[PDB]
Amino acid sequence: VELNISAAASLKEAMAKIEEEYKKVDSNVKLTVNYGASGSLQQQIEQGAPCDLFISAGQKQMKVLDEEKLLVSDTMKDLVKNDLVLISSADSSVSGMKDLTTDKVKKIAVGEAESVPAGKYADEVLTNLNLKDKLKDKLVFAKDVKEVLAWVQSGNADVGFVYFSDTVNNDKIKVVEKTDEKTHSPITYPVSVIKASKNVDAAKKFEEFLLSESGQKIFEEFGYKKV
Amino acid sequence: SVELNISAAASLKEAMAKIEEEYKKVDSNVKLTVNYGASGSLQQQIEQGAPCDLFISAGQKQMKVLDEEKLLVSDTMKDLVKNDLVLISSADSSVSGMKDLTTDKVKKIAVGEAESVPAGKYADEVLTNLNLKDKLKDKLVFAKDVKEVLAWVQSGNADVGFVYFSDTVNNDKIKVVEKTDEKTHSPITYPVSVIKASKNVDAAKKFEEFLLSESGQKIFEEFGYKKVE
Amino acid sequence: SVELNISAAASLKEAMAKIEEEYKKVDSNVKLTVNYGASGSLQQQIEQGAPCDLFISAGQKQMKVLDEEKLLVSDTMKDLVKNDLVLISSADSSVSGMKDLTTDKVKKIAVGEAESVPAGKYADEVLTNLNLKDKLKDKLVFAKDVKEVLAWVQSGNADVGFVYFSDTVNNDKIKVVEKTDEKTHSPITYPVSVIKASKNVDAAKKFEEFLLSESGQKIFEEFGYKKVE
Amino acid sequence: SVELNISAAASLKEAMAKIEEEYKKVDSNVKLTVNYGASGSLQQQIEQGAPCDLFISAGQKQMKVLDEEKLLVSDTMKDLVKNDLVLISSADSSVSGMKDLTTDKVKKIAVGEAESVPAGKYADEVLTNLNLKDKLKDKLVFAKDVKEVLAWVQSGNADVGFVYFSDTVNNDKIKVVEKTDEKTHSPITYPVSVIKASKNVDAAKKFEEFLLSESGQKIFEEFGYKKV
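Residue numbers (the deposited numbering), protein chains in the order written: chain D, 43 to 269; chain A, 42 to 270; chain C, 42 to 270; chain B, 42 to 269.
Everything labelled a hint here was simulated from the structure, so no lab data went into it. Be aware that a few hints might be false.
[Stated by the list, open to error] Chain C is faced by these chain B residues, among others (derived, beta-carbon under 7 Å):
id	residue
1	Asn46
2	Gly78
3	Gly100
4	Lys188
[Stated by the list, open to error] A few chain A positions that, by computed beta-carbon distances, are all more than 12 Å from chain C:
id	residue
5	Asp68
6	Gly197
7	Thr209
8	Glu263
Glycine included, every Cβ here is placed at the ideal spot set by N, Cα and C.
Input sequences plus hints: build the corresponding full structure.
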């Protein structure tokens, strides 16, 4: 059977392992995974694109679809979530957020608050901790998380804010701390079977694998967390 | 034999053909398929999951939207090439400078709409920064594309016009009068990036390196494009 | 940036220098470090685990062992270039061709020692297959290497000689009378392969395809080598 | 912070890459540097007094010379993994068993060369022991290595081929039709051992047991290898 999956492109590295495993888990089904923006994938599903399963970055796109009656609602669940973490150079004395206030911390790298997802949550966290106005003389702004990583690696920034899934298998940086879930809005990836599919039966089975222990640990292998 | 889907701004077409044939000689194992279009429509397709391996846009705008949606291999984001905004005229025109603009040697100045035409946006910035825009309002006629600005400068509907230097190549009918000072406007950049969803990242990265290399650079320069600062 | 270690037969040294400067023009991101030696010993180092990325050999024997021991990326095994066994004389000699070997016009035929010198081993094959080896025994003189063969022929000590075409380039003092038919001897080929233990397999595969490309092949042909089939 | 020098046959490279990142989880402060070479050349390096902790050989020909020459810790020489000789065809090639070899369904059988390719040597022992080698001569075509065997079967040039099972993982363009009886060919084994001259005898053994442990013996299993 052929299942069509649309997904946020940030899951591509984790999704390679899932397909590969699922071949062993079920030889019968081959999966064609499609990657794009959750907004545009939302459009294609609204316009009747033959997708069997949808995993978006965030509740927003999925919420519009549920109301628009295009999802099998009982299949609408949270797949994984992400952690905003504080990183630094591997060889520095940063141990916590209280250091950002200190002389020890001169430069803090964050994504652009408006058009970088990690920067939005980073801004949201510093705002709620009342540190945002305290660190304006330290906050430098990057175009993406790669640049936040690179500035922290090369020493251009003392510490940075980034997803934990952006840190896996990288010896050059160290995850100093993890941000409290209660300090920002949930960074979640929902998954749902599409109603217009002709493989609801098979699509349900694949989603169950994704939500199963065998699938969740694969996602943990790439820095994602369960909900 | 890997097949690479390259999407590029329609402006790059003539130069992209030479790039294509020259990469055949350096790598026989890569098959390049290049479809062109406006940067916004090409950006649109990548977001829908269209299988494109490499993207070359005119403007930085379409890139940081894609990058924000995490559809790019971020470390492959580079400035490929640059352009110059040039003042052009009829080949026989007595105009010889930006100084001639505020004199009565010039009746009409053709520019693109500053809101919907990039060459118009840069022209605006130049006229604004040079403090010439108010004095020249009685001369400014507005076009819907760079192809219209040129067509007005030839056929004498406008004495003078603002276009990219790359539009001026292979036209003996129009002559470029003066190159706009780089200091007076936003960088006219054609950035390139490998698409994250690509199934041929390494092959794409390799091809991008060809564009970013002395041979690719020298090819773009044959069609009026310029070295990145 | 990537640093590739290439080990090649010491005969390729002159060609690999033009390969380096030319690859740099199409890929700024790769630094090549080329080590030269005897193919058999180069094989031993790879067998010991010496960090090599690409290997270019003089013969097929050493590739077979390496592949048997699984030290190669098998699907990258290819024939890069091949050489030709040619008949040479002095520039002013006026020897016409292979037919002139049997005539009284030539008295001394210079060849490499049939076991110590590969060009001699292939000369022996040609003369054997053409049934000329016995008739010519009174004419055959044996050199320690092709450099001595060329010297004898240049000085007139030998009327003609057998040598690789690549040993003739950049020398007007001698002239290539005729190239031996390829049907008459075992293929004189130089195989290339990416090394399995390499930490830059893809960068190595990409550099290998430059070698197998039209421009890369044409570089080896500047140095007397020839395209494979 | 201990560095371990590991000399291993180049067969295990892809498997060891998953061993390294996992032992990194099990032990944070050990640096694994894996040297890949021919087992005969790694043997020579060990014989010169060169410094290695653990040796993984392809076959026991080398690990016999060293064990005699008192260069090993004898109590650490065990068989790490074995290999299986399997029959393959393309995916859904309608070939079902070893029976089809003698039918018209199969007209071309790809094996490695008998005296150049290890998998070609064992497939030879099998067909010989199965009294099939003489009957099937008009079907037997010989490849330069297992990659080419696979290539012929994927493409359809050969209807059927013999390779190791570890050569067939993560490939959906062929089908492992049948495993060869282990009794019909010489044992295909990889021994492991700690060299006497290691700076860290104990550290290597805590790595050895990890490879011998279920945790390692299942990383190998997903790379096609088998228990001993």
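Against the structure, the hints:
Of the supplied interface hints, the one on B:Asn46 is violated, with its beta-carbon coming no nearer than about 10 Å to a beta-carbon of chain C, more than 7 Å. Hint status for B:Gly78 relative to chain C: holds, with the closest Cβ pair at about 4 Å, below 7 Å. The beta carbon of B:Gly100 is not positioned within 7 Å of any beta carbon in chain C (closest approach about 11 Å), and the interface hint is therefore violated. With 7 Å as the threshold, the beta carbon of B:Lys188 comes within range of chain C, its nearest partner Cβ sitting at about 4 Å, so the hint holds.
At roughly 5 Å, the least C-beta separation between A:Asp68 and chain C is not larger than 12 Å, which violates its mark as non-interface. Once the 12 Å rule is applied to beta carbons, A:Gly197 is consistent with being away from chain C; the minimum gap is 45 Å. A cut-off of 12 Å between C-beta atoms confirms that A:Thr209 is not in contact with chain C; the least separation is 28 Å. The Cβ of A:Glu263 lies farther than 12 Å from every Cβ of chain C, with a closest approach of about 15 Å, so its non-interface assignment holds.
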